[PDB]
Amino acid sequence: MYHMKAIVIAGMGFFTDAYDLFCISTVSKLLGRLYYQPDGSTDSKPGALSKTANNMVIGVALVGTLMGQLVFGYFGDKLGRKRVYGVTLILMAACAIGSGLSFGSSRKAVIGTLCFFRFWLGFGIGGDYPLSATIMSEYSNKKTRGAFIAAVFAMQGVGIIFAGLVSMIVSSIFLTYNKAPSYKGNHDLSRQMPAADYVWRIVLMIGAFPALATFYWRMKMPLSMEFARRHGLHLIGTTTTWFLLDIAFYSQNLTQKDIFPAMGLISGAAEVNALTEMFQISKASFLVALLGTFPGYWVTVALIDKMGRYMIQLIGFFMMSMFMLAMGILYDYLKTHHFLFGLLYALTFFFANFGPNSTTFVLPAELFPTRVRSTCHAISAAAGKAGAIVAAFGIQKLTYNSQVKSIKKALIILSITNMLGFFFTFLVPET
């Protein structure tokens, strides 16, 4: 009756991963409104990060996480479980706080420090294996095995919820004291710079506390011809089914500052303050993740073994594609109604969480002989991190601050990617 405590101690590594990677989307507008907005000519919406700057700020963490995964996986055998667990976690608390500090006042200095201190955030987020180190080693007892792997992976949803929650509470707390007219009013005081300079710092520095909690909760606790013919097709299928999942999940959570302001749920950009828009997007993301992410994880836990591993992934990817095409080709009607689009987004997240989001990393575990299981797991993790990379340095460009045509095109490519993942799923049978 107290095993959920154990699941939290197991999945705090994913909790911090989620509220280290998805805490930058709620403040990415602010980092442009404050430091990247010229104080003159007031032409468009409040000036935000440029396409290159936004892509970089979003994706240095994922570049660092892929680098950390590779380096700490190919060199993490001379040491481990304490010396690769007190290093990455301490990094994810030192450079996490450093991400909230600046080397100056220039917009190329604060952004430079932020990118530099998020690269090492990714470095920690990388070679630190959250569950594959502990749970995947045995996977035994044949009693809620998948229902426990999914149970401890459900903490990613809690991480996203907590990211949205801390952003929302910080924005509301700092907003109550300072009220300023919208950007349509005083084009200079809308930035609220003296106080708004200490919100994207608090939101980004709070992420160190989960790293400390994980550190404390874990300190006190006690390729040849043979494999090519055996599982070569299985290996490529397992890698690609995950590579085509991060491209759809990280592009769904990392583009949360563009889709809603285009259609409802948000007051756009140039009719609210700096803090006000941040609070609005934080509330939108938090509500969508609460309705979409967490119930998906719970249903996966409840029905992982009743359904299995083939049919669940198949239906998850097919419904990915169907609901995404609905969110696509029927774009105008969703811009008309501010509720059908929200329902569609929530169900996309729900079927992501219920679908292959919590299954792709288990395929390497329950496949291949133990002689090479670690190598295939590492290569699949590399494929997934490359998927995240192309999610952040990819479709993100196709969506950011663009017209209606570009957003619809990006949704079309995302639906095509999910359908391609659906075709590639029929390569890893479960008996």
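Positions refer to the first chain, counted from 1. If you superpose the two forms and keep the largest set of C-alpha atoms that fall within 1.5 Å, you have the rigid core. What changes on going to the form deposited in another entry:
- After superposition on the rigid core, the C-alpha displacement between these two forms reaches 2 Å or more for just one residue among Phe103, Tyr216, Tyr74, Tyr139, namely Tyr139.
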The other form holds:
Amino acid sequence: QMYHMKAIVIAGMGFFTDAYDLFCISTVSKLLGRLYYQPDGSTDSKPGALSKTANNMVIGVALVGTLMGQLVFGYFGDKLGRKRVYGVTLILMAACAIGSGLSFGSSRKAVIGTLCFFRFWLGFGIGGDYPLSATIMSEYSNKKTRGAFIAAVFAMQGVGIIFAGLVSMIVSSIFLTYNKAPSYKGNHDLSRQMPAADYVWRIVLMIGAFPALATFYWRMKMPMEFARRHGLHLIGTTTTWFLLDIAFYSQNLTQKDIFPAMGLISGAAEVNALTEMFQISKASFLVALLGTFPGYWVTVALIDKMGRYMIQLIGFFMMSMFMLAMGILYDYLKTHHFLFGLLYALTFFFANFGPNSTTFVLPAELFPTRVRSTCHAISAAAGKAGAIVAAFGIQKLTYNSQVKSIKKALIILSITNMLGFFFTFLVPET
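Could you switch over to the form deposited in another entry, since the one displayed so far is the form deposited in one PDB entry?
The next block holds one chain only.
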């Protein structure tokens, strides 16, 4: 029946909101670069985009905020109350989501500064939310089985990822009907669509306030020696979270750069300002629907039949092998745009089928109650550090650059995945 579905959605609303808020920023970055950096006339190259520093800062402010918000709310926030922290975080995220669409001026520096300032505290709220709070897993999930509880609630991160692309596509298509302009190869100034394109990204960013209020409503009506013996378990958990997050965020954020270099989306200086965003949204929507979404539904039915160890092991192995194959066959995959789609999508599939639905129960069924919270917080902090490295690291190689740099970045991604496969051996299952 649908009562189980209602319970699953009520539990996973937090993950859905977090995923939407964190992954709605990839689609609108190109529009911001095209609007606030392209000058009138003086054309010598592709349409202006964000500088490396500005692009990296815009992408990573939210994640740095998540780190410094989670640390504070965890260490110095346990003496205030669950309902109180829920309310504060869920109102802060909504307020910052609404404020991200409003600017303090007209200059590009003022707009960028306001956007970064509001994204910082949006990420602060997201990190301090601690979306699922360990309680429901310390419930039925920790005791009897972890079969269709964790892997079912986490199926909403995929839903949020799809919905981000869906709303971007809907808004861009609606604004595209009444806004027709020649491509950048034609009239250079008119391709900006400045009077109209200045509102679409604001609308996309401020749509995210609705999920925060929805989860507010839906959740405010619901009432050293031990470490020495454990030893390598701590480093195992931290590494298995770090080397997963560094790949997941890298492959979700670098979507806007790999596709223009590999078929699919056409050349940058051949498309209008809005329809390019629409094409990127459609590509992301298709990849997240056919690739990412089936991963959770494959995972849910195999938690008990296969286990938790071998599934993660094979997931990491396929991650590494597919990444290495894509890196090696770059030149061949340039011409053939057909199988590149599936080579890119099965990476997401094996990520979802792999340790993506596995690294949170890893602290569970282990780490006895004496120091469980400290180890869980340490593992989460390691994951957030991996996310920050993904936003501020490999992005420096993938963004703009040339053919050699993206091949290199794929090489380090494959190496890191193989290292994670090596490191996930010192964690058995009982």
